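Next comes just one chain, in structure tokens: the form deposited in one PDB entry.
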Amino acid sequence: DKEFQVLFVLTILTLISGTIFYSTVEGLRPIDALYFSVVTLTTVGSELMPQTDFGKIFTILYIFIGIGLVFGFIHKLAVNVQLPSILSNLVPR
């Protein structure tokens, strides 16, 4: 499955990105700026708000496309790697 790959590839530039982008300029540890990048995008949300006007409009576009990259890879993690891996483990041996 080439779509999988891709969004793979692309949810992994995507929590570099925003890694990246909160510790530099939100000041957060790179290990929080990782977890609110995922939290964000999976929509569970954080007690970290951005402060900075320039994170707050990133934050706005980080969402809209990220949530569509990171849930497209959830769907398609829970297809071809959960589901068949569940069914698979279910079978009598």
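Residue numbers count along the first chain shown, from 1. So that the term is clear: the rigid core is the largest set of C-alpha atoms that superpose within 1.5 Å between two forms. What changes on going to the form deposited in another entry:
In this overlay on the rigid core, residue 20 has a C-alpha that sits less than 2 Å away from its partner position between these two forms. The rigid-core alignment places the CA of residue 78 2 Å or more apart between these two forms.
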Second form
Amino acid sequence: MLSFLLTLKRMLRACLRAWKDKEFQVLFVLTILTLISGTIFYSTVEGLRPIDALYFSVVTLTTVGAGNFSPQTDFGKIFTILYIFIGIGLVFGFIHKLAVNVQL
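In place of the form deposited in one PDB entry, output the structure of the form deposited in another entry.
Since only the chain itself is given, any partners or molecules it might have are not part of what comes next.
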């Protein structure tokens, strides 16, 4: 049990340690900006309550997927399609970073 905690502590440090990487920071800021753009878009174009626009934005950008909603307008559909690829682009970026920070 003491090993668990010491490993947990080491791992948690490593995580916070990665929060120092400028590229990880960019990816993160880029992700927040994307989630905000999405929240603004869906509430405006699809007329969703801000909290619902962020929710759809989140489950969409992470590939989780929404269980009861899909854009009703053609503008929203087109946007969601491009939105998804930005999300995949961001995920690839994070993964590439990992792959790089593991091989040095």
